[PDB]
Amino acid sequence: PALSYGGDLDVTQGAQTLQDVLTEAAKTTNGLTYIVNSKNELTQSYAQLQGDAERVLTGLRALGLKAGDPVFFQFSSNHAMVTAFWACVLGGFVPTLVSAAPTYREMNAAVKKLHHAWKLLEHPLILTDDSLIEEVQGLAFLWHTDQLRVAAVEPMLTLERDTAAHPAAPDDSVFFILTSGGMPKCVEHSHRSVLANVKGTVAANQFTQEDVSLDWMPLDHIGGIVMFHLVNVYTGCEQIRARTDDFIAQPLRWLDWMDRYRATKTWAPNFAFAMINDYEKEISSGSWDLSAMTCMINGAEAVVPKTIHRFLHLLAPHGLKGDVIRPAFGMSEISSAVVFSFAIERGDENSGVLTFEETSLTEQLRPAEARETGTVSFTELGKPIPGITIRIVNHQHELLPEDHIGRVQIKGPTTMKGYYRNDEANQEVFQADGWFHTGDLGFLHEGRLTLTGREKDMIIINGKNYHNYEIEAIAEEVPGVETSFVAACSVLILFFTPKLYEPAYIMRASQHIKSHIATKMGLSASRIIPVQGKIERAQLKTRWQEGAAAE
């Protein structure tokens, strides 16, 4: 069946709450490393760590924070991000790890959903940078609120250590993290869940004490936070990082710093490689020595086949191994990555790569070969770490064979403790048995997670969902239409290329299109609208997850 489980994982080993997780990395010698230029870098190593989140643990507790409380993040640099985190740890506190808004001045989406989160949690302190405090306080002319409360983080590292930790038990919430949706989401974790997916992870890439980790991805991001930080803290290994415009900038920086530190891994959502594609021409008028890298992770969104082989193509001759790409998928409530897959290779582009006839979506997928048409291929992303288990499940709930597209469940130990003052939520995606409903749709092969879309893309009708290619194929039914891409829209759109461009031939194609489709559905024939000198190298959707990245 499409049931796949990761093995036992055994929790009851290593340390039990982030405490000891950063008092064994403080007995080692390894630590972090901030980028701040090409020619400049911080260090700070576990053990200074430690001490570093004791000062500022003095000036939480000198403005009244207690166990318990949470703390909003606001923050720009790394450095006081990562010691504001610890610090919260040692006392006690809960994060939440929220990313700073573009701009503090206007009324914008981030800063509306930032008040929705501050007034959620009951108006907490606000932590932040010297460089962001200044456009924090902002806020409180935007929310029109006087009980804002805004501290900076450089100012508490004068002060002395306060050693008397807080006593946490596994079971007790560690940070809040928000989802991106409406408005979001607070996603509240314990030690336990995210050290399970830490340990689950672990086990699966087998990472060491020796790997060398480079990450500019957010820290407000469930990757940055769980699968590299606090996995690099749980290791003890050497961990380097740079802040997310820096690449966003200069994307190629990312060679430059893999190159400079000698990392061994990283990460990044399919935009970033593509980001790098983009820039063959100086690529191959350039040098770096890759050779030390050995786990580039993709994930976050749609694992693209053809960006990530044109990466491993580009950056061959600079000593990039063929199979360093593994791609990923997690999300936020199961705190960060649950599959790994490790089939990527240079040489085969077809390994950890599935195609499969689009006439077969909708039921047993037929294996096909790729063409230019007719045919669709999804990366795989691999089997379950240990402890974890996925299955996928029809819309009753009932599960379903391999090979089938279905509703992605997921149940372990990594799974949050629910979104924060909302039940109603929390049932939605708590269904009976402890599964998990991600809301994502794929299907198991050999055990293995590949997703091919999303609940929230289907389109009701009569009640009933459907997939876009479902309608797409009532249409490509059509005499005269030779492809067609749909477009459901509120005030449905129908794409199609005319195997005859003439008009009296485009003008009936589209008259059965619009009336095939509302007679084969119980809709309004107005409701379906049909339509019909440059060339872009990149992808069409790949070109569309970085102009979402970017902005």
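Basically, rigid core = biggest C-alpha set you can superpose within 1.5 Å across the two forms. Positions refer to the first chain, counted from 1. Compared with the form deposited in another entry:
Of the residues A475, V89, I308, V231, exactly one exceeds or equals a 2 Å C-alpha shift between the two forms once the rigid core is aligned, and that residue is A475. For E41, a C-alpha deviation below 2 angstroms is recorded between the two forms after rigid-core alignment. A displacement of less than 2 angstroms separates the C-alpha positions of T29 between the two forms, with the rigid core held in common. The rigid-core alignment places the CA of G64 less than 2 Å apart between the two forms.
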Contents of the next structure:
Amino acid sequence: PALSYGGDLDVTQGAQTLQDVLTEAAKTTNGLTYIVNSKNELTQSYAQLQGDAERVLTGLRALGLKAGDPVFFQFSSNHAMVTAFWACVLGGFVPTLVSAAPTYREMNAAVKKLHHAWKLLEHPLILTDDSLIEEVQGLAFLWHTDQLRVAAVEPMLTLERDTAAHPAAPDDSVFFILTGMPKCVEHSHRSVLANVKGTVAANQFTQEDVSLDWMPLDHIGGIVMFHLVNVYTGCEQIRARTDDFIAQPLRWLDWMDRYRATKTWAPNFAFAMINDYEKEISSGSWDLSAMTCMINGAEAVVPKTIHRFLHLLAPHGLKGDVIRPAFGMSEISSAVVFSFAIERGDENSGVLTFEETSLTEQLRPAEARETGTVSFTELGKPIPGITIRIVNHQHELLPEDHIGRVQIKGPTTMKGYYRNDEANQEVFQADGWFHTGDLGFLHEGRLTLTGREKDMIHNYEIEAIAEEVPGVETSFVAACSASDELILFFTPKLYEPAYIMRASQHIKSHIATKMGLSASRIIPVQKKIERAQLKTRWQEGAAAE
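Having seen the form deposited in one PDB entry, can you show the form deposited in another entry?
Only a single chain is listed, so you will not see partners or other molecules.
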């Protein structure tokens, strides 16, 4: 059946709290390196991190923080945030990992979400940078509150070390992380370390790895899949600012080369962004021969994006098997599946193609064609300790090669959303099954995501019918919440105004007839040549936004 177990995970081996992770890491000579620019870097050994964290701990306790208290992180500096995180670990304080707002001068969406979590956590101390404390302090006027408390981390780095680490238990909450209003994922040392240990075993991570990450530390893959995995293995890890990558994506290449990185990760959009620079890549020089692990996860992994990425960077020494698709969620401590089958020389390896007609039934393999076939990137087997299953509308187990609702069982699951019993019921189903909200199938024990529940009105059938209209070259439907309406994008064979209005009328009326919808339910939108796929360009727009 569509139920895959990753095998036994011995979580008794190794550290049991994050304090023990930092202690064992501080015994190595490895640590962190924070990139400032192409020439300058700031180093912080794991031994220095421990002392720095103890210094910050002195200031936090001076502000009255007691073990169990939450701490609201609002950082632009990786150095200050990493240090602040471990100070909290030492003090038994619970960090709330959430990105800083794009601006603090007006009551925008990001600022509203921060207020919600801040109020849900009963007005916790906000910890931030010197470069942000002025902005963050403005929230006192935006929120019309006298309960705002802010403090910068850098001033604390000049304090005496507080060597009295609060004794933590594996089930103690280790941090909150934010996902409408965001929910407050509460994790323990046990759930995080279980993902770390599972991730290390599946990928064979070691203390000799060299890690490069520019993704936000407020993203679960930034904090757990990399930062904590790196400290747990005690390997060398290089941190870059997210802003610096999206400003100049080719810096990713420079960084992998300059530090001889062996592993890194990004969502699929970053790979597509690099592919947009083929001209300047074909006139550049990088040594990427040390890179062994480029994890691709957090959103849909597009086969043609990763293949082009491997092709473009092959002359620069990137082996064709470094890209590892992965899937995970903050609620399950980051990635729980990894695919080791993507190969530059085999576009079909680790990629599954099926007939569009069979999406609602037993999937029927096919050879990729211009139309009528869909290609999905396999995301691999569960890591040790994780069980995945695929279920139908009634939560009944499905067989393999059947698209259904993905559910996860294992030791990496959050304690739950903070202060929301009702939301915890929706996701925590009977017998330990966490409901992801994602759609996919299992094939040879390997998970493949195909969509989301919120992404439900079949869009392959709507597009096929739209393409029978003579004026339509190709089509793309997205659903859109007075009416539940589907917006039908199309390329006309001819971008002439009369021709477009004819095709638009036929699209509306031909879809209304063939599928028994109201013509009012279909909106036709007309859309040179672009090389980047449409699904890939929208990934880039939402990411850099």
